[PDB]
Every structure is written in C-alpha cells, then in structure tokens.
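Participant: Now for the letters of each chain:
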Amino acid sequence: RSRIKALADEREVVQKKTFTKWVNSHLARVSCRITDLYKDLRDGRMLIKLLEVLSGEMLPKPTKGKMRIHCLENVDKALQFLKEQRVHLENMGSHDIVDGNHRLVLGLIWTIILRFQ
Amino acid sequence: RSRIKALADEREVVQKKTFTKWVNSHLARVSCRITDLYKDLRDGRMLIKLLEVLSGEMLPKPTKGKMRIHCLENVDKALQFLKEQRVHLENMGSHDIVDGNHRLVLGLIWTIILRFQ
Amino acid sequence: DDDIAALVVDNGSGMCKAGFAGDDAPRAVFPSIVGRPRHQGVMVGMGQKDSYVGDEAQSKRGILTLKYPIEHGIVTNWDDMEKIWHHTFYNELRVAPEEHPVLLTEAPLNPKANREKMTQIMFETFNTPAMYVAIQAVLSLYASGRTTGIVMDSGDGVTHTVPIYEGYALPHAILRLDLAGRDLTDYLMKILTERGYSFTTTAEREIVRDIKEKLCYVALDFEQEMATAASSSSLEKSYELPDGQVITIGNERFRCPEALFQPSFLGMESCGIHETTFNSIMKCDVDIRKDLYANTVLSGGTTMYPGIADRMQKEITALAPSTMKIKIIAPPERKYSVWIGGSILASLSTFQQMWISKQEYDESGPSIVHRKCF
Amino acid sequence: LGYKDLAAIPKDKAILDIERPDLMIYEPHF
Amino acid sequence: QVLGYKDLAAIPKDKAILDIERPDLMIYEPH
Ligand SMILES: Nc1ncnc2c1ncn2[C@@H]1O[C@H](COP(=O)(O)OP(=O)(O)O)[C@@H](O)[C@H]1O
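Residue numbers (PDB author numbering), protein chains in the order written: chain N, 42 to 158; chain P, 42 to 158; chain D, 2 to 375; chain 5, 39 to 68; chain 6, 37 to 67.
If you are wondering where the hints come from, they were derived from the structure by calculation, not from laboratory data. Possibly wrong hints are sitting among the right ones.
[Unchecked claim] Listed next, the stretches of chain D that the computed footprint assigns to chain P, with coverage defined by at least 3 CB atoms under 8 Å from CB atoms of chain P: (1) 134-148; (2) 339-351.
[What the hints assert, rightly or not] Below, a list of computed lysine-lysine pairs in the DSS-like style, where the Cα atoms sit at most 25 Å apart: (3) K50 (chain D) to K107 (chain N); (4) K57 (chain N) to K42 (chain 5); (5) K58 (chain N) to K107 (chain N); (6) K90 (chain N) to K62 (chain N); (7) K102 (chain N) to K50 (chain D); (8) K107 (chain P) to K51 (chain 5); (9) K42 (chain 6) to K62 (chain P); (10) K42 (chain 5) to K46 (chain P); (11) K80 (chain N) to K50 (chain D); (12) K62 (chain N) to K49 (chain 5); (13) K46 (chain N) to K49 (chain 5); (14) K42 (chain 6) to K46 (chain P); (15) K51 (chain 5) to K57 (chain N); (16) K215 (chain D) to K46 (chain N); (17) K46 (chain P) to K49 (chain 6); (18) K49 (chain 5) to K102 (chain P); (19) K42 (chain 5) to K359 (chain D); (20) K58 (chain N) to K46 (chain N); (21) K46 (chain P) to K51 (chain 6); (22) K102 (chain P) to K42 (chain 5); (23) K58 (chain N) to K51 (chain 5); (24) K90 (chain P) to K42 (chain 5).
Cβ coordinates follow ideal geometry from the N, Cα and C atoms, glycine included.
Kindly produce the complete structure, drawing on both the sequences and the hints.
Facilitator: Structure, rendered in structure tokens:
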C-alpha cells in the first residue's frame, strides 16, 4: 500500500528464493529439503543440521519436545554455537526465530552465508 | 523601440536560420534534427551528438535525467570536451545554456563553426 | 557491470532511513532506539537477548528502557551507533558493507570530532571502500529540484536554515535553532499533566509522541483559537491508550506546536522559526533576497503539522516588505526529502571523483574529511 | 555464485525516470 | 568557411548612415 514496503518485499521475495536454493544445495546430503524458509526454521532442528554440516563439527543433540520452550532451547543452542564460533550476530534472539520475523531470519541466513565461506 | 536592439534582433533573426541550417546537415548523419536552436539545445544531448559527428571521438555517457541538474551535467560534459580540444570560450557556463540565453548560445555555435572548419 | 550502487544512510535523532542510490524511496525506515531489559528473567531456556535495536524494541516497550544514541544532532553513545549501523547493514539491507560506498548526512553546525569519529568507524570497522558526508538541508535542495532558494529543515534533533543562491552557499547566513520535535513531546507531556493524565516512563514517551503525530495542528490565529476552544467543545478529539483507556486531548492540540513560533513557552529567549528564517534571509546580500523570498522550501518531519505552511507564509509576509512575492514550497513527502536528494547526489557522474578513498584515509588519517566534505 | 547474484541489487534506477521528484505521492496522506 | 565567410555571418551590405542627412537631430528611442 506504500512505496517503501513495496520496494522492501520486492527485494525480500528474490532474496528468499536465492537463500532457499542455497540452503537446499548444502542440505541435499542429509534427507531434508525445506519448502518454505520461514515455516521450517521455526522448529530449529534443520538449522542445527545445517550448521553441523557446514562446519563439519559435532553439535549438542536437540531437546525432544513439541512445546514452545523446547523450540526456544533448540534455536538457542544453534545461536550459542554460532556465538562461540566468533561470529558477531546483532539483534538476534531465539524468540525472534520462533515468532518468524522475515527480516531477522533473512539476516541470520545472510550472516551465516557470509561468515561460513 | 530601441534602435540598437532592433538592429541586433534583425541580425540574429537571420543568424539563427543560418546556424540551424548548418547544424542540421551534420546532425542528419544520425537520425536526429532540431526544429529550434534554443529549446533543443537546453537538454544537452543534441550538442553532444553534434560533437560526436564533428570530432569523430566518443564522449562520456549522457545522464538519463529529466532534472535541471542532469541537464547541467549533460551540458558540462560537452563544455569540458570543448575545453579539452584547445577551444577558448568566454563566460560560457552550463546554466547559461540551460536558461536559454540567445547570444551566448549563438556565440557557442559560432565558435564551434570557426574552430572545426 | 562496473559502477556498483552506493548505499545512502540518513541518520537523524528520530529515525534512520537506509536505501540504495538508484531508488526513489528508501528500503528501510526504523527508529533509532536501543533498549535493554529492566527486570530479571525467570524462565530458564527462554533465550538471552542483551539489547533490542529498532522496530522490535518499539514492540517490546514494556520490559525495556528506551534510549537514544543521538541527542541534539550529536552522537552521545557510539557503541549504540555501532549497533544501529550493524543492524542497518546486515538485517535491514543484508548487503556487504565493504563492497559499496556509503553516503551519510549530518547537521550544519556541530562538534568537529563527530565527522572524524564517523569516518574512523566507517573505515576501521566496516571497511567501506569509500564514504562521504553531506549537509541535510543541502540535499533537501537537490530533492526540491531548484538551485536557488533557502532551506528550513526541522527534525527530531535540531532546526537549521541555509540559503543557496545559484549553487553557491553563504556560510555566514546559516542559523541553527535548537527547537525540535523531542522538546515538543516533552512540552506535550507537561501540558497533558494539566488534565490529569500522567506520563513518566520512557515507554510512554512513545505513546505521547504518537498522540502528537495524530492529533496536532498549527492554528492560523492562536489567540482566536484560544477563544474558540474556550467558548465550546467542538475542538475536541479522543485517543485510546494501548490498555484501552480513553483520553480527551481537547485544547492542547494547537498548544504543542505553537511553541515552535513562540519559544518563551519553554523558557527559551530565542526567536521563533519564522523570525529565524527572516533573519537568515536578511543576512544575505541585497540583490539575492528577491529570489530567496520566492523559493522558501520546507523540509523535515517536524514540518508536517497541518496548517504550518499558511502560518509560516503569513508571518513571513508580515515581516517582509509588502511589495514582494512570498510563497512557501512544501512537498507532500518532505519527511524523506533529505534522503531523496541524497540519492540524486549518488547518481551523478561527477560525484565519483569526490568520494573519500581508502588510500586517502590511510595517508591523511581521519582529519581528511574536513578537507574533502563541504 | 558471487555477490551480485546473491544480493538482488537493482540495475534500474527509478529516480532517473521521474521528471518531478518534488511531486511524489508515497501515500495519499489525507 | 562554408558557403563563404560573408554569407555565413550576416554582414550588412548597405550603409544606413549615408542616407540620413544630419545626425544632430537623431533619436534612438522615440519615447
Ligand atoms: N505525521 C507527523 N505529524 C507531525 N509530526 C511528525 C509526524 N511524523 C513525525 N513527526 C515528528 O517528527 C519527528 C521525526 O523527524 P524525522 O524526520 O525522523 O527527523 P530525522 O529524520 O532528522 O530523525 C518525530 O519526533 C515526530 O515528533
């Protein structure tokens, strides 16, 4: 309805498709393919798998549960692993990933891409 | 009726037709022509391609702008090109061409005619 | 490809707007706030966020203290500015900062260490290949589309006037009044205490600012408006607080922005904005005043109170001689004008020569900005 | 893949096509 | 010098000062 938001989400769509293809390219080894970036990262398990296939290093096993607190814990473990891998994440929270904010998820993906080269 | 400017005006009313008919022949090699010497010279693209035809060496890219400042850019590029080729111009500015001063535009065309051939 | 797009970031006290050079509109607009939690979290495994930057800080205003990195156009806290710029680069635009030139805007009169600190942070931390600093009200004239006129910029931090004639700027005629929007927010809180509503916390300041943005206007005749508001209750509006409470703003709607024209309400003895503009015009030479009268340009978000253009035109016409033309030019999108003209400045071909290169910064240090910009 | 393909940098410049940047309507604004 | 120098730049071939008898009572603006 506004020019600013139109330009913004016009950028978001293209960047989301490119990021989804890149993540699926690195996730083709394990039997997991993500259809939508926002819906599938809300659990947090595939993001842990993506980190431990990118870094080639073990990560702590995820907590088993359907509830929201378990999802927050699973996202927080991966965020903490990124945090100890010396990578500076700004305005990053587990509840932001769980709630599914578009800008923050895309920024996390972009930071992972640029720092794990 | 100010006899001085009357004699002046009878001079440039013929001087304009002479310069327009001279410049149309060189501009006809490209698919371009000018119906008025003052108004199409404001944009700056026509004189740029006139210098393209006369000099034989290409000029920098004209700016795709409808603004006054972009017109000042387009005239300034051609004026710098003229200053590159030993041509001496007195009180010749891009804002004079953009504002459509009669005698300064006529003097610029006359200087081009004198210098090149 | 070649000639990669150079991003422009406009930072004011209120909001930060970032976007690419070629676009007519900024990609990201968000308030410049950094919040931190007051209380002690009790749920284990909720996740720990040390600080909140941008829109979600405005979302979670209850459990945070809102702070502003910029006060009166001067950067008071620099770590908060690093947080703001990192969130701008990597979360809102998600572009690599080391591969694009950066354009920045600032107030006309300010401490000289601010430019050096911006240059040092932009080169040492973000490793940008080039950067440039420009005056906001000069870029407003680029957005206007004319090379002759006087620009009056009123933002959240400061208010500044500058005249430019035929592309030439007169530095001695520049005036910088310290009245702005945050002072009006504080005055609105003080006059809202008269009706019984109390707003004290930093989170409620945002609510008061929203009330100011939604239910304020500039009266054409202030004292007539006081008589009209005292006579009847037709000049009344209702606002709903986030918890469902309903307040009635009533008389105060035209009393908050009237302080822009009479600063004695805040205890300041400085002249009003109309007198500041008239004095900035009068400091110029005799021959260029006629063109400056007919090309007064309004800019900044603070100048979006309804009816400010007619009031300013009336006051300046009263001050000016009767035989001249006085017309006030107010774009409908003036809140972004400082950005928009800046984008135009990044599109010109001759501007590529006056970027501050990394090699020049290495040779001359952070002081080179004082030689290269303005 | 490269920086340029990953980040959707607009090749087209919208500000150049508009004749009057003064007369823009971002929102009707009432 | 295309078309000749004299044709390119409009040079007045006639002389108006020779026709007028006396230049003392000569007005430029009628006014
Ligand atoms: N629609 C509006 N009507 C009146 N005042 C407004 C409006 N929008 C914003 N403001 C005021 O303008 C200020 C924001 O100014 P802004 O243009 O962001 O300055 P800067 O860009 O220099 O930070 C806010 O503090 C607010 O008080």
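Participant: Next step is simple, just say for each hint if it's right about the structure.
Facilitator: Verification of the supplied hints:
1. 134-148: holds (count 4)
2. 339-351: holds (count 5)
3. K50 (chain D) to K107 (chain N): holds (23 Å)
4. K57 (chain N) to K42 (chain 5): holds (15 Å)
5. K58 (chain N) to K107 (chain N): violated (28 Å)
6. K90 (chain N) to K62 (chain N): Distance of about 16 Å is within 25 Å: holds.
7. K102 (chain N) to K50 (chain D): Distance of about 23 Å is within 25 Å: holds.
8. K107 (chain P) to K51 (chain 5): It holds: about 13 Å lies between the C-alpha atoms, which stays within 25 Å.
9. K42 (chain 6) to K62 (chain P): This hinted pair holds, its Cα atoms lying about 16 Å apart.
10. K42 (chain 5) to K46 (chain P): violated (61 Å)
11. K80 (chain N) to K50 (chain D): Given pair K80 (chain N), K50 (chain D) holds - Cα atoms ~22 Å apart, limit 25 Å.
12. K62 (chain N) to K49 (chain 5): Holds - the C-alpha atoms of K49 (chain 5) and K62 (chain N) are around 22 Å apart, at most 25 Å.
13. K46 (chain N) to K49 (chain 5): Cα-Cα ~19 Å, so holds.
14. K42 (chain 6) to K46 (chain P): holds (22 Å)
15. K51 (chain 5) to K57 (chain N): Roughly 22 Å between the alpha carbons, so the hint for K51 (chain 5) and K57 (chain N) holds.
16. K215 (chain D) to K46 (chain N): Holds - the C-alpha atoms of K46 (chain N) and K215 (chain D) are around 21 Å apart, at most 25 Å.
17. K46 (chain P) to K49 (chain 6): holds (19 Å)
18. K49 (chain 5) to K102 (chain P): holds (16 Å)
19. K42 (chain 5) to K359 (chain D): Holds, at about 22 Å.
20. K58 (chain N) to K46 (chain N): holds (18 Å)
21. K46 (chain P) to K51 (chain 6): holds (17 Å)
22. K102 (chain P) to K42 (chain 5): Holds. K102 (chain P) to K42 (chain 5) sits at ~23 Å (cutoff 25 Å).
23. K58 (chain N) to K51 (chain 5): holds (23 Å)
24. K90 (chain P) to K42 (chain 5): Violated, at about 33 Å.
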